[PDB]
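Student: Based on the provided sequences and hints, a complete structural model is requested.
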Amino acid sequence: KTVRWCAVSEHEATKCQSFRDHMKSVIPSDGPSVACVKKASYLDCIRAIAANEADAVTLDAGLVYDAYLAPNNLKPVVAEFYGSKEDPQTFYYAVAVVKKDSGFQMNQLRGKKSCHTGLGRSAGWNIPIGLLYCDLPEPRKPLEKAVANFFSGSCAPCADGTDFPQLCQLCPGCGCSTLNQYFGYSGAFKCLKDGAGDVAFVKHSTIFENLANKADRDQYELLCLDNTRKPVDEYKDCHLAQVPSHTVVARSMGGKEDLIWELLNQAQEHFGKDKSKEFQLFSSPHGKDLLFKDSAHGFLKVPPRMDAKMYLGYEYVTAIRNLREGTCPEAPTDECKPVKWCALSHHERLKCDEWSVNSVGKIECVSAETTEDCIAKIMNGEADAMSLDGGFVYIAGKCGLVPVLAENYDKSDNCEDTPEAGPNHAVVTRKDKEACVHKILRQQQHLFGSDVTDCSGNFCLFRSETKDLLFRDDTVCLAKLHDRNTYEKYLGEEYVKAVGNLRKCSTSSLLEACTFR
Amino acid sequence: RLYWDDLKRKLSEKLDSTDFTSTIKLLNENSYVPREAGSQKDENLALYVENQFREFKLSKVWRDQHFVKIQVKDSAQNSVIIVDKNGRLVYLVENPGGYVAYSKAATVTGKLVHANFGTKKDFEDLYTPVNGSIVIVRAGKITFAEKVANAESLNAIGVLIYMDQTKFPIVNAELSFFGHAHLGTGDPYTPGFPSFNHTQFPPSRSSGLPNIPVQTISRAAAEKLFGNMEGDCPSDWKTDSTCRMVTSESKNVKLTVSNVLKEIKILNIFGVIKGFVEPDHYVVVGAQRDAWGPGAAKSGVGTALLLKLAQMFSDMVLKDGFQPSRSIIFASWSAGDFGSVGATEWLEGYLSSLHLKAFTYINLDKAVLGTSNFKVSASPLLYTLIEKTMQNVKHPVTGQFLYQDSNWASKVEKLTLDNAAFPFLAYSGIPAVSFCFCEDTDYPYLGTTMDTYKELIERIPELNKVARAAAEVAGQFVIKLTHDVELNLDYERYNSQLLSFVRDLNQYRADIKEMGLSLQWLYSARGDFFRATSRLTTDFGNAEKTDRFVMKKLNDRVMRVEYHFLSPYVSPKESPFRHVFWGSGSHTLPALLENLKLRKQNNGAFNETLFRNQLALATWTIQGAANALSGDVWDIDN
Amino acid sequence: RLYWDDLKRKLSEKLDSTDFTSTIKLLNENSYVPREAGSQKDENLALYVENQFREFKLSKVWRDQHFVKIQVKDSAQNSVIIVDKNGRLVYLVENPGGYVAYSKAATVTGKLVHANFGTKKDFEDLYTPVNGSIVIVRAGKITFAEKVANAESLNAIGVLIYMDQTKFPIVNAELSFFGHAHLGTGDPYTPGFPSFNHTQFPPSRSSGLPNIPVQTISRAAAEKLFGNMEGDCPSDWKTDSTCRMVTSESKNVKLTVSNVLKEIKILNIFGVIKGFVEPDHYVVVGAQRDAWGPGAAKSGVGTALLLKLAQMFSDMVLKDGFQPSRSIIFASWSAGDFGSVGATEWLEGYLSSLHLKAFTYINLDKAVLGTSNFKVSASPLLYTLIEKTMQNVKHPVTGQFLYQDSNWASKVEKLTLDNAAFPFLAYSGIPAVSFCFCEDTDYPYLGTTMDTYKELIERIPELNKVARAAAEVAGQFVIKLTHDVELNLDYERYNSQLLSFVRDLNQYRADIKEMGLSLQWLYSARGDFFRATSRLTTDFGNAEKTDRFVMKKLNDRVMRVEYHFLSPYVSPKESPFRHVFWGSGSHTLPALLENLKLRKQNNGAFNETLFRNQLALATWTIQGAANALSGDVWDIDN
Ligand SMILES: *[C@@H]1O[C@H](CO)[C@@H](O)[C@H](O)[C@H]1NC(C)=O
Ligand SMILES: *[C@@H]1O[C@H](CO)[C@@H](O)[C@H](O)[C@H]1NC(C)=O
Ligand SMILES: [Ca+2]
Ligand SMILES: [Ca+2]
Ligand SMILES: [Fe+3]
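Taken in sequence, the protein lines are chains C, A and A'. A prime marks a further copy of an entry chain.
Residue numbering for the first sequence is 4 to 425, 583 to 677, as defined by the authors' numbering.
Heads up, the second sequence is in the authors' numbering, so the first residue is 121 and it goes up one at a time.
Heads up, the third sequence is in the authors' numbering, so the first residue is 121 and it goes up one at a time.
Hints should not be assumed to be uniformly reliable.
Interface residues of chain A toward chain C, partial, derived using beta-carbon atoms under 10 angstroms [what the hints assert, rightly or not]:
hint : residue
1    : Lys130
2    : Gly351
3    : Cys353
4    : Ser355
5    : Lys358
6    : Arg613
7    : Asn615
8    : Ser616
9    : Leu619
10   : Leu639
11   : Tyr643
12   : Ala645
13   : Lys665
14   : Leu674
15   : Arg677
Think of the hints as simulated: they come from the structure by calculation, not from any bench.
All C-beta atoms, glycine included, are put in the ideal place defined by N, C-alpha and C.
Tutor: Shown next as structure tokens:
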């Protein structure tokens, strides 16, 4: 069946028409087809898929955030890779390009003119703005007005020209349309080469896409985080931050993830790169970066389990939410953010709730249906910690969660001081909350750990109503791991490979998602 | 077009050009010099304020008129005398200019025992039984009504209220004061319903009213009484050394009160500025207008701040370009001296019209009384709104921000009965707030004939600045509440409130296990509530702020929280204050614990059959509020 | 994409392929053969229906489980005997297989007087005083509970209920029947709140319960009783010639009831299809599952229609392309025999979650019992919705449309206590409807052990067609209620209801003028209400139907009407049925008139102080509903 596609501008509309005509020459072999819908911006494209007018359109990782928000509700299905087809990369480098011998550095951008790819895009706004949000003079909200005062002249595609005149000083009206002269990676580089802006925030591959001569590329330099400048060719050693790649999004329910991937896997072979001379999916004479990014070298399927907030990751989802709210993290106060424990069954959150009250609110309970579900919550921020067995720690570990405590079963004089090898049950947690989990749970040990059999009168933490409600019942104490142990460092070496081989045949939806990027 | 910071600065500029002192003084002129409720001078100011609202060119300005019953001291003045065991003897003590409204007015005679403040705790620590005698107490620890209510509980005959020198450093010791003994709010002769000629005013009496006669007396009169009494008062109470514990077995006191009722014409003057996105939703701002005395502090400042805030927001919309999302209503209540009557008859009158339309009430009464510290009592749904405003507004005297106590959320105290915000939060279920630039010791001439403008401007030199600081705080509550799509109500602030309740109740886990009871259900009730808000928070985070439709379905769920804590098991006529957390009576969470405290002693004071029901309804009131907050009617797991 | 006419035809096609008879028979198999509430056979069908909902592939399917207290006849069977003046004498009359739930079970003895049906009117026309004697009555004029309630009012000792031959042409004269005497709904041991282990089931008793013992007896047993009685029954009542007025002064009857209570596990099985535009708003469709006997007519048909309607709408959404705007919830209630318990514990349990989310309830119990005429009782907000459906659906036997009586709106009767829709409309304030393909005379085996499938299919040959006609009527109520943006609720239909009230009350204008009262306020109350709807109608006419935002602000104001008539002056625990128009007790508009009728006679039966308050609260309940319907909180003129 045909899948409707969204096009922005007249230029991308003609590229869509050619995407239709060229496709039906070897199509349909089984079913796949393509349609075209004309919209003014990407915002119009995300809203159109939600009203079943279109079905798929490619978006920037930072624009993916806007797509999964209500009422758009769109999850990434097929993500494009950068580099080569042999060795694919799921993350591109966001960098800052400037002219040679300008004087300006990363810290000294105030008063300078800027050229951005598009408001809310990864390389263009969030990576570049992101570091400056806490250095920006108050008020921080709105964020757009602060950038309108920091820089002297700026061009931000997709930005309200009536509310923020200064933000469209370089490109009047601030067209999100392909047609505007400064739009996209190559559009901000054209805002720089022409001499309109002093700096352009783009992808590392933007310099090659616009200039082919190596002598002409030497006239430009790349800024580095440590207020230094380096050759454009050295993108790996000097760049701002690593962001997830551009991806096509469709509805969570009724978006046919399989009908779009079957179309894209076939659009790459027939009219993709180094395959045909008549039609290319990553190059067009009518415009650059149409439909897909020219820098892309193919497509890759997005696991079923992996949702938008899992595709971007805690590190990036939290940076966008803090960027739009204007929240800047102060030097750690060691006050300790309330801990969010994850319960699985009815019996778990009933012992948890009795524990939440006894802990004077230092521990709270979040409920999830399955064991893998809890692991997902700790990831995006909905939960903080849970106890897991040796097999699951290896699954969670491959996701990005390092364990900090281990359940010891052998009673001794110094239980917390000396941990046991075994593998035993480990309390996995997130990178940041590792400090408090390490401290709050250690405070409950002196309060509800090893206690006399007075439980009916007083609460006991390791005793359960049935068997192993949160922690295992035969546990004496939660051992503190002094070494910075990961999933590999806690599970030895022989056991690590053991569970890796067995997960090869018996594969879960959580494992294929965390091992995707 | 205009944002918060562009609004904060635009307000501040308007505050700087606004002269408050001149306004408070113009409200204390000869023509408003006497301001009793329903008097011609009361209506005079009513017409002034109404005409002033119209002069500001507001979107609409209307008035409601009620015919409530108050109580006044007639030609037959009340008197307090000491008598002999066989009959009337000795000497007269005082004739009181100031009376207590809702007074029994029945002549009584008996031993006089000092109950101190009249607190429920004060009566338990008394070595002298009050069973069948007249009690004397010092005002300002508990509302006048509660003093009497507490005395009538241990079977008292009468109540004498005086102002000691320690708590009230006043020079004139012959000064009398006013107040009401009605435990509750609104017209007591029309409880539950409005005082509109429509109801035909049927014979209905409020359970608030106390049979026992109450009278206020000056410091000099109580001193005279102590002369006839014996027993030195405990150093536990910071009081005068004049204070005496009980009367001599030879002579006792005889109080005779004969206050008559009076039907008056009360006027409530309103004004409204319609919002631009959702006009049907509004925040209400009120302020008391009537006063027994001159009331410069009691209502002068309030009505002054109300008129000016109405002006400043009128000028911000008309000239500045302020475009509010939700409407704002300015209210001048009358009969406030008798228990927030004017405001309560309004709530009991259009309850259905402001059901889930009014999402917050801001009170301006007694905002300026001191200069030392900043005090504010309100509904937790306003805590975060206050905390951000506290660290934004600067104190009028010291150049520092108002936000200095980090753990100030914990130090806040429940709203009291005498406050005009009480009816809104406890009866209506409308988040309410009442801030004050209070003093460590309450205002001495609060209910006297010395509440003049001169007295106020002398105790607070920089009255203009404190009034402007005050108007800035209430001004930011509105700008925040109507400004943007997000509603400044923090439903997550109730987690701490519930955690506090369950923890206090957990202390008695031994008495719960002794009875056929388990506390596990209250744990899950509070736990499910936290999940409900957390899911609501994430729901706000995972939605497009610019989409009108999805924000409305979330803000409507936020407003409902205030309503859901109003018990659905009590009759709104007999127990008006239904709110579980801030209302009155047995159903409330505090009453559940108060009843259980009697179980610990193994006395017959504990009603077991009552507790089992207090627990069940409150367990489910918290659960129902939880289920209704998240998961829908089918997405709910337990 | 799909419109009404495309939906009507798509439903009809689904109805034509649906076999009901086969379904009702499968529910009357040996495994569901015994269906008492809380029995294993009751839960067996519960699991079947649940699994069936899941098989339809609905959006969500859940279950609620309550632990309510019912009453059952134990090893100690009850007995009715005639005794002598000195002691036990003569002969035994009957042992009853069928009992009356909530029975006093206290052995009593006294004269037996025939009260006929037991109606409040029947007791007034009795020449024989009931003061201190046992009364015998015929069932089906008033709910069992009301019969007893009315007898306990004139101080009775006991109550005997039998089925006369005229009203119940049954062959077997030894047949006994079942029912409950609880005046009200839901578990009587947890009034106001749900029967969830959460509440810990505290000691609480419903004011519904009657101390007097009640028992059912067959026709043969009453005939035997008449043998010992004398006095021919009036021809006024269409009854048997066996009927006798009173017992002889020599011999009197002795009833001994000893029913015990039983805590059971009740299950409510639900299922829901989420709407597409506003999922949070839903219409609820329920049907009783449990039955004392075989209950083919009592619950067999209902649960059969519920399963099939769930199927038909599941197939219409999944395959046809039906896109509902609001969700639909299918409910299988249990314990219905004891007073719509299952459904009432649900309402008392998630009241807050379906506050203004549930906008209509459709009941499927006793939909098919006859074939002559079509009967439907409901809330006027559904009158227009019914009238359009009536002239759209064709009778199953005669090829004519159901809409034949033009003035049928007037002939409709209030919803009764035994109906499952009663709690929804009177307690919750959710428009409800209960249609029936009824007969001039009620179904004879309704509460007997002869309510089998065979008996049903024999009295109604074309059971399949009548069931399909039935399912079409309820099917159009849903398609209409969830189909399009406009909500099929006609708030203008209440104008006639109020006009009717005021006109009836106007008749007593002479007694109103005699008292310090004026009726002019009720005129304006009704007048202001008409203006409010008319302004709401014009508001609907002057708005773009395609604009989501302005239709929501109008449909939300339409749904609130049902809520606004629920009195806000009575305690929801003691007087659950608050609705002014369809509830119970003094506050209701009918009670206001009923009390005034006693004033016309100049007797002491009239409570004047009560009337003045009945009038005032009802005058304002109507006014408050009016103000809240139009003009806002400031656009209101009076
Ligand atoms: C209202 O009633 C009062 C008496 O209580 C009367 O003086 C007044 O004129 C009445 N006003 C109206 C509009 O009925
Ligand atoms: C609920 O209480 C009943 C006794 O009334 C008991 O039999 C049942 O096991 C309890 N169930 C739960 C979940 O507490
Ligand atoms: Ca009142
Ligand atoms: Ca109940
Ligand atoms: Fe990008």
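Student: Return the numbers of the hints above that this structure violates; sort them in rising order.
Tutor: Hints 1, 2, 3, 4, 5, 6 and 15 are the ones this structure does not satisfy, whereas the remaining hints hold.
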